[PDB]
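Input sequences plus hints: build the corresponding full structure.
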Amino acid sequence: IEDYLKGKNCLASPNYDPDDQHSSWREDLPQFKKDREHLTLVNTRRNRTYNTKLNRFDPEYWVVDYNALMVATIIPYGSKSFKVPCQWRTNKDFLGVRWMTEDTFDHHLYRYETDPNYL
Amino acid sequence: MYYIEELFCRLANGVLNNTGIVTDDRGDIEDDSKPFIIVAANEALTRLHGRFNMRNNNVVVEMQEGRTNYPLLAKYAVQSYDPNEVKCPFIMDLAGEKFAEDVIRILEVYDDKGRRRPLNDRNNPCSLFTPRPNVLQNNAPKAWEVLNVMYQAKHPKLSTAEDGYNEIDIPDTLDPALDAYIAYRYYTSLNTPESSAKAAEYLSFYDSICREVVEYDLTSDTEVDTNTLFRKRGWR
Amino acid sequence: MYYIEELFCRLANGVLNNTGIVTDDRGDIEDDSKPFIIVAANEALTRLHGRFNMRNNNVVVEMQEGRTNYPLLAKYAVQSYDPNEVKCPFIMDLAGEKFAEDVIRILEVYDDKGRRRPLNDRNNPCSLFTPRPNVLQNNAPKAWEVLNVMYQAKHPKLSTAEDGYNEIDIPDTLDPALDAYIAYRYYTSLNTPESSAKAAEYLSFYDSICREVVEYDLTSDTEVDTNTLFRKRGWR
Amino acid sequence: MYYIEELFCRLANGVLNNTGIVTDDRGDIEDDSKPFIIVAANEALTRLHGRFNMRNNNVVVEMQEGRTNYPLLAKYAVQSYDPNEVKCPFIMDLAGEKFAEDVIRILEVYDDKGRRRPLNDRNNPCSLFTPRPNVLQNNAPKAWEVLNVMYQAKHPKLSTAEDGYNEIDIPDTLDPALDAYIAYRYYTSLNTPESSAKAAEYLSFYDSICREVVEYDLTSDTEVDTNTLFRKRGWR
Amino acid sequence: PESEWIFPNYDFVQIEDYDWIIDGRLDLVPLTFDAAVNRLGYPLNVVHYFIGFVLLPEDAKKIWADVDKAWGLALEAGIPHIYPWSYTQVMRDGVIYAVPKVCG
Amino acid sequence: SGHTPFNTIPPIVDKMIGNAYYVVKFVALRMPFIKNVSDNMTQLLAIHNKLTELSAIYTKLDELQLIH
Amino acid sequence: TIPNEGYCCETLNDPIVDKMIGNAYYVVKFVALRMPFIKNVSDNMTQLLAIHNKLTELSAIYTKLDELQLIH
Amino acid sequence: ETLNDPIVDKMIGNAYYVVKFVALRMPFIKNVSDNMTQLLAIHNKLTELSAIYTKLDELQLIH
Amino acid sequence: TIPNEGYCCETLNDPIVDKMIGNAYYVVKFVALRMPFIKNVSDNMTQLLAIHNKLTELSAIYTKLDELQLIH
Amino acid sequence: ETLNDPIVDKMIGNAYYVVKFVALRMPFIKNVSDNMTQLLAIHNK
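So the protein lines, in turn, are chains LF, AL, AA, AK, SF, YL, XL, ZL, XA and ZK. Start counting the first sequence at 3; every next residue gets the next number (the entry's author numbering). Start counting the second sequence at 1; every next residue gets the next number (the entry's author numbering). Start counting the third sequence at 1; every next residue gets the next number (the entry's author numbering). Start counting the fourth sequence at 1; every next residue gets the next number (the entry's author numbering). Start counting the fifth sequence at 314; every next residue gets the next number (the entry's author numbering). Read in order, the letters of the sixth sequence correspond to residues 2 to 11, 23 to 80 in the entry's author numbering. Start counting the seventh sequence at 9; every next residue gets the next number (the entry's author numbering). Start counting the eighth sequence at 18; every next residue gets the next number (the entry's author numbering). Start counting the ninth sequence at 9; every next residue gets the next number (the entry's author numbering). Start counting the tenth sequence at 18; every next residue gets the next number (the entry's author numbering).
By construction, these hints were calculated from the structure, which means they are not laboratory data. Please note that a few of the clues may not be correct.
[Said to hold, decoys possible] Cβ pair distances, simulated, as ranges: (1) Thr401/SF / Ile21/AK: 38 to 48 Å; (2) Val39/XA / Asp37/LF: 58 to 68 Å; (3) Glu162/AL / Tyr34/ZL: 28 to 38 Å; (4) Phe38/ZK / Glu6/AK: 36 to 46 Å; (5) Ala58/XL / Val36/XA: 37 to 47 Å; (6) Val39/XA / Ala58/XL: 37 to 47 Å; (7) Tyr110/AK / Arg233/AL: 28 to 38 Å.
All C-beta atoms, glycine included, are put in the ideal place defined by N, C-alpha and C.
Okay, structure coming up:
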């Protein structure tokens with residue numbers, strides 16, 4: 003801000019651009035814009051139109067849920083196939099591989115259309 | 001003298017209580033429409049500062065040789081300027097608030113020697129000129145000439161962004177006029193005949209308040225002084 | 001004088017008797033709708049104290065060396081200043097009479113030695129100036145110079161908080177005017193055309209009450225004094 | 001001064017807030033509809049600079065032997081002339097201040113020796129003539145005669161191209177007038193009767209703003225000078 | 314044990330300011346940047362910073378508001394690598410990076 | 002409303029030119045004395061760091077010099 | 009032979025000029041431009057006061073300073 | 018009488034307090050300022066004087 | 009040398025009154041600033057009256073303070 | 018007095034600082050141009 007204290011403000015300087023010679027009458031703004039692009043949240047009031055088609059029951063969107071006493075993960079390995087390795091530790095272990103009608107994990111800009119009609 | 005946050009609360013619990021631009025609890029305005037109020041608020045404050053001479057501010061300009069036009073812009077001040085662009089700023093605000101670029105009309109100019117420089121006098125050889133309202137022109141910059149400019153100043157621009165100006169400084173008797181003007185812009189933007197009639201009423205109310213202030217002179221706008229021409233003309 | 005609760009009862013059993021913001025027993029306004037009335041009530045009081053010179057209050061300002069502008073803000077009062085950023089306050093008040101920034105228009109200024117000080121006299125070197133309505137400027141601060149400023153004052157701002165003011169001190173003949181303005185603000189908020197017609201009636205009624213007071217001079221607004229120019233002009 | 005993008009935001013969050021040509025986030029006008037605003041914006045600026053003498057700019061013209069008519073066109077400027085068909089330019093400007101043909105009305109002409117040259121004086125043999133508003137005619141081109149022309153100038157034409165101008169330099173008190181005229185042009189384009197009524201309101205509002213500026217003289221339009229005829233008439 | 318966690322004992326350093334951002338204590342944020350270069354001795358080019366912590370969805374727009382302010386200080390401080398703390402909280406709240414509107 | 006600062010030209025404690033201005037002129041005319049001390053602030057601080065030790069050496073006037 | 013004076017060219021810690029002592033703005037600008045020098049002395053006034061109180065003690069050490077070197 | 022006070026307020030303002038503080042104690046600074054060469058001659062050998070202070074106990078026995 | 013006066017600075021309840029008796033505001037501000045000193049005496053006026061009632065009683069014993077120490 | 022400043026600003030403007038920069042060191046340029054041929058002779062061989 004107050005760099006004027008350090009001095010070095012003499013008008014006599016060798017740097018000069020002949021392509022931008024101007025008088026005191028000309029005043030213009032530089033082209034620099036978009037300084038910070040601050041972080042912000044999305045607006046849920048507007049619903050952005052979907053721009054791509056997702057095949058139903060796509061293997062890349064399945065999710066899993068199970069009891070806290072076991073360990074299981076889901077990994078795809080093909081165009082229409084996936085594997086679910088798991089470890090069983092108790093008799094009450096219950097692994098559930100499920101497909102969600104609505105999107106509740108992806109970003110608001112990456113969610114898919116919700117449709118409860120599977121007829 | 002209150003912050004910008006109270007303005008939103010006052011509008012939410014005021015003229016704009018019925019509309020849907022306020023939150024569910026009528027405590028604040030939606031973030032999606034906050035800049036809409038800011039644009040109206042900046043417009044309303046400019047109108048009030050034009051009709052009334054509420055604020056008077058002065059700046060210090062240092063003459064630089066080879067330059068005849070001295071725009072009163074923020075980028076030429078000693079504060080908030082780019083050292084890479086302008087090598088030596090000529091507007092000094094070393095103390096107090098920074099120069100907010102709020103020039104409307106130049107009133108008088110006094111130099112460092114203590115005399116008064118005539119302004120816009122075409123027949124005066126040593127008079128200054130204003131080719132533009134916010135641009136001051138000197139036709140003979142001297143070595144150590146420094147000019148002080150007294151001008152009618154508007155309120156600094158308000159902004160909800162970080163490190164912006166978020167304080168309102170107007171006389172409290174003009175608060176109803178501010179609310180009426182903001183409401184006028186909001187309702188007239190709906191393009192609805194029901195809302196258009198309501199918008200016209202608010203505009204008339206805003207004008208009614210302003211003329212009431214002038215009628216009773218609550219801003220001390222008028223100014224008189226002891227006559228000095230009596231001795232100047234030699235009446236004795 | 002009466003509590004703000006009595007105002008709520010009077011509005012509940014008054015103009016707002018047929019509104020949905022009152023309690024089932026018509027004894028009080030709805031709690032969530034109380035801030036709406038408070039904002040309108042403060043606005044109504046400001047207008048009344050502007051047209052009518054009802055309250056005349058004075059403040060004491062101490063000149064400080066090296067300072068010319070003396071804003072009349074509570075942050076410079078001895079009872080409310082913050083020592084972190086303020087070296088020493090210059091506005092003097094009492095613990096039970098804290099300065100509330102109720103300045104509307106400056107009337108006269110007297111120094112500690114009893115001499116009247118001219119205001120806004122551009123041709124008088126010793127005169128004081130007011131660049132802003134609530135800012136006092138002295139161009140020559142002396143050592144022990146103390147200034148007293150007498151001004152027209154607004155009613156202190158009401159607040160529902162316990163520490164804030166909760167009383168109203170206005171002439172009882174203006175109570176219908178206060179109720180009419182509050183009713184006008186409420187009915188104007190509703191955008192139904194039927195309410196718009198009702199809102200205009202209260203505003204017209206409010207104006208009629210104000211002119212009736214002026215016509216009969218019930219607030220002793222008119223003031224006269226014995227002639228002194230007869231001696232000064234030397235008519236003898 | 002501000003970028004044209006800020007104008008787009010101000011229109012998006014202003015009069016055009018309820019239009020179909022704004023983005024979903026109300027942050028900018030639709031790209032395909034941008035040239036519509038640009039054409040209207042340039043038209044609005046021309047009207048403002050005509051009623052109000054805001055910008056006074058001067059140009060330098062060099063007399064060429066064998067030429068009497070000197071059109072004030074950019075094709076005769078040194079920075080924009082084509083050597084194929086122009087032997088030598090006579091309008092002198094700088095690389096960063098290229099002549100933009102912003103001439104509206106000629107005010108005064110001074111030669112290189114400092115003598116005022118009368119304009120359109122039919123009875124004066126040495127007077128200059130203007131057969132066209134933007135064409136200067138000299139009936140006696142001398143050897144080293146150079147003329148300076150000071151004229152009322154319009155704002156440079158805006159353009160969405162990068163090389164073109166992208167900034168607005170007008171008094172901030174006229175911003176509502178600029179928005180009103182643009183709004184009037186947009187709503188007038190729509191042929192629905194409801195939009196026609198709305199269009200007239202903005203045009204009337206635009207006229208009201210302009211007269212308010214004239215009434216208070218916020219642009220220093222009025223100009224006076226010391227009397228000189230008293231000496232010339234020999235009153236003494 | 315500060316005597317064991319000096320710069321030569323590790324290749325780079327990671328720090329967080331979750332406690333000072335839950336409250337409006339933005340004044341203590343630059344102290345973290347200061348302590349990375351002198352208190353610990355690590356150079357600037359090996360400093361990794363985690364911005365903030367949100368947890369409850371109800372405080373998203375409140376906490377993330379202070380998150381952006383801390384990021385600006387980090388950019389001013391010249392931190393080479395800056396990450397948000399939680400991938401889950403980013404997707405749960407849906408935070409984006411957009412230029413603030415020039416309207417005001 | 003408002004007085005231009007540069008329009009300066011229209023008993024014991026008070027001054028004709030202004031109490032605030034007289035102090036500024038007083039400091040300005042003695043600026044090099046202030047700058048000389050300011051430029052050597054670190055040197056003075058170093059002496060002030062152990063200024064007690066130098067005093068103790070000083071207090072022994074004759075003993076420290078008779079040996080030489 | 010050509011003029012070179014000016015505030016921009018004078019913007020450095022240099023001795024004041026006696027030509028424009030009577031210029032009211034110049035005197036105020038001179039002090040305001042050199043505020044850090046005033047600030048640097050003011051904020052550590054306590055240290056200087058103790059040193060000022062012991063001027064004679066330091067002078068005596070300097071008088072026989074060269075003798076003290078040979079003692080070491 | 019000259020109204021030079023507003024110039025000080027415009028250019029210095031709230032920073033006037035430190036100027037007044039230094040102005041009051043000007044003679045104290047002047048005594049330090051004109052004796053700078055004395056302190057500088059001591060500044061270049063602080064370590065030597067400190068070392069002498071740490072071995073002066075033997076001199077009491079010698080004396 | 010330079011002036012040093014004022015109300016905000018160089019004024020406290022501990023220093024003594026100045027020569028500016030004529031200024032009505034000064035004396036009123038003088039007492040108002042030193043209000044707690046007056047309050048401390050006022051609310052404890054009962055104790056002072058009892059002590060003053062035996063003022064000569066404590067004067068006589070004061071005459072033989074050293075002699076009473078012999079017994080102890 | 019004569020008001021020749023506007024002509025310089027209108028025709029040179031931003032480039033005036035270059036003129037001042039060179040003019041401030043005219044004698045240095047003067048002491049070289051006068052004996053230019055000596056430098057050329059050295060540069061010849």
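The hints, checked one at a time:
1. Checked against the given bound of 38 to 48 Å, the beta carbons of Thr401/SF and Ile21/AK, roughly 39 Å apart, stay inside it.
2. One distance hint, 58 to 68 Å for the beta-carbon pair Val39/XA and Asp37/LF, holds here, with the actual separation near 59 Å.
3. Restraint check, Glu162/AL to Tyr34/ZL: a C-beta distance of roughly 31 Å satisfies the suggested window 28 to 38 Å.
4. For the pair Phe38/ZK and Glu6/AK, the supplied restraint of 36 to 46 Å holds, since their beta-carbon distance comes to about 37 Å.
5. Hint check: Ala58/XL to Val36/XA, Cβ distance near 41 Å, so the stated range 37 to 47 Å holds.
6. Checked against the hint of 37 to 47 Å, the pair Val39/XA and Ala58/XL passes, with Cβ atoms roughly 39 Å apart.
7. About 36 Å separates the C-beta atoms of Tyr110/AK and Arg233/AL, a value consistent with the hinted range of 28 to 38 Å.
In this structure, every one of the numbered hints holds.
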